[PDB]
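> Mind docking chain F with the ligand on chain S? Use the hints.
There are 2 protein chains.
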Amino acid sequence: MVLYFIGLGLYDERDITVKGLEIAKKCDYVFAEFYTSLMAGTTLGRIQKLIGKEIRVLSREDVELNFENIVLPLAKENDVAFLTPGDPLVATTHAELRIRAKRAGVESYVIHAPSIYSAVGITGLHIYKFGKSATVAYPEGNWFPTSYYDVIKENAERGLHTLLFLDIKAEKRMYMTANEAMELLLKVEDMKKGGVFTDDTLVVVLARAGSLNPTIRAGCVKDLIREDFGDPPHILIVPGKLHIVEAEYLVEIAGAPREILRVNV
Amino acid sequence: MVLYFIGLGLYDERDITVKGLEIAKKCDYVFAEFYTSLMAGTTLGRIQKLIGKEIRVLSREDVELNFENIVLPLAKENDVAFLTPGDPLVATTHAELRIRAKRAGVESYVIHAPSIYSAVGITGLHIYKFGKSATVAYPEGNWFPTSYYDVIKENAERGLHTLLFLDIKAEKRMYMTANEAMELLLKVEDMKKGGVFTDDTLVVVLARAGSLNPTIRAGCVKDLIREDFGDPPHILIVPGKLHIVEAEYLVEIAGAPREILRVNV
Ligand SMILES: Nc1ncnc2c1ncn2[C@@H]1O[C@H](CSCC[C@H](N)C(=O)O)[C@@H](O)[C@H]1O
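Protein sequence lines correspond, in order, to chains S and F.
Residues 1 to 265 in UniProt numbering are what the first sequence spells out, letter by letter.
Residues 1 to 265 in UniProt numbering are what the second sequence spells out, letter by letter.
Excised from the complex, chain S in its bound form:
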């Protein structure tokens, strides 16, 4: 009579924690969703093979509208696991699912996994210096989202870094590239003219964190906007005021122009 929320990590099936694997291996039923993020280095088959169980993949609709009809029923009489990319409760609405489990008289436990939220550390930017986070969403029809632009503005004024999750439309197999995010932001700048995101703005790109050779790049928008960062997923970061050691790392590791070594203070 237990439900396990288990994260699978950043890139492939091996990013799951040992705790998560051992517990998953012993669950009666295993469910999972792969719409909240992209695990570019694995396949359902490899995950199933590793866990030694069949995995019933659920759609966003299955989860958001039918979690209590598809998963909870079995958790009332068995040990059930629900797998997700990265950490199960990060930048998702999955936390609320625990309230649903509770209301159904089902106990739930959470097994964390590496998340893009902490993986940003590989960019050299001090993680405590990150401010509010946001998501660059694809415009649809006449609706053109722009709130994420205001988040960068608010953080930048405080000298804080901004983590930008990029949009994803799993059913259409669409994964926003850092390039597309930069294009959208330049358009918002043209509209708002707040001097928040321009061709000279320094940005950082982290692609396929979790893999052994992720792409880590830093530089002016004008120079990176047309660069190929490899396959998704990508995240975009707009740093705030940099510490000298952050700049050094960006230059030495992310190939940023030596020019940024000269921090204004």
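Incorrect hints may appear among the rest.
The following label-pair restraints were derived from C-beta to C-beta distances [said to hold, decoys possible]: (1) S:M1 <-> F:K222: 33 to 43 angstroms; (2) F:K25 <-> S:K25: 16 to 26 angstroms; (3) F:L65 <-> S:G230: 33 to 43 angstroms; (4) F:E140 <-> S:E54: 52 to 62 angstroms.
To give a feel for the contact side, a few chain S residues facing chain F, derived at Cβ under 7 angstroms [said to hold, decoys possible]: (5) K102; (6) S115; (7) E252.
These are computed hints drawn from the structure, not numbers from a lab.
We put the beta carbon where it would ideally sit given N, CA and C, even for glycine.
Just chain F with the ligand now, with coordinates in the frame of chain S:
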């Protein structure tokens, strides 16, 4: 010729990822540090037994002053692993270690693991709403640091949550409790009187994140300041204004008082 920065995860020896464990087992030399944090749910012996390699523990000075004379020389002719609690490169000064490896002609790769930065998502607080983070340091002598108080102020002012790490003396294995952190903040409030941290302020306490049975509590400072949250480590969070969904999770999962559904939303 290769140095692997491997995260050990949140709480015990099983919090390392399958990737991290398999890679560690293949290394000729394995180093680790426990001064930035400790794995309170396990021991060096259990970690060593799991990895099946003797682990040479390094102190803060060993790392910060002599990383290149202790770790890097061996990494030039062998596969070397450097284990740290949580996610590698989260601790402020670790990213710089990759620069030292580069300068030494040594390749380095990062193997992520769960970090408290993302694990706090288990409190039900939306990850994107966290602002700048800080550490609550013990006053001492004529030194009474209060910057962490200003961090809370600036975040809450913008409706953002504040993640507060509590002071730790690794060597002496002396943890700051959430209770202690609260008393300190109340004392800082009585000095700056900015109306930031009072007896009525809503706070969240997360203890032993990573374990299957963590302690998640929420309520006013006056009612939690004397409560027993169990064994360390403890993490303190001062939430900004709550999303109704956040509040509902805190009430249903963390036993928060029903009143936050109207008082803090
Ligand atoms: N390995 C990875 N590399 C780069 N970006 C990633 C990533 N994994 C997730 N993301 C980013 O985050 C978005 C999904 S948000 C959900 C995040 C997940 N719970 C976690 O803990 O990581 C993606 O669209 C992408 O922009």
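> If a hint holds in the structure, say so; if it doesn't, say that too.
Structure-based check of each hint:
Distance hint check for S:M1 and F:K222: the Cβ-Cβ separation is about 37 angstroms, which falls inside the suggested range of 33 to 43 angstroms. Checked against the hint of 16 to 26 angstroms, the C-beta distance between F:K25 and S:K25 comes to roughly 19 angstroms, which is consistent with it. Separated by about 37 angstroms at the C-beta atoms, F:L65 and S:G230 satisfy the suggested range of 33 to 43 angstroms. Distance hint check for F:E140 and S:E54: the Cβ-Cβ separation is about 58 angstroms, which falls inside the suggested range of 52 to 62 angstroms.
Satisfaction of the interface hint for S:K102 is found here, the shortest Cβ-Cβ separation to chain F being roughly 6 angstroms, below the 7 angstroms cut-off. Against a cut-off of 7 angstroms between C-beta atoms, the interface hint on S:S115 holds, since the closest Cβ of chain F lies about 4 angstroms away. Against a cut-off of 7 angstroms between C-beta atoms, the interface hint on S:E252 holds, since the closest Cβ of chain F lies about 5 angstroms away.
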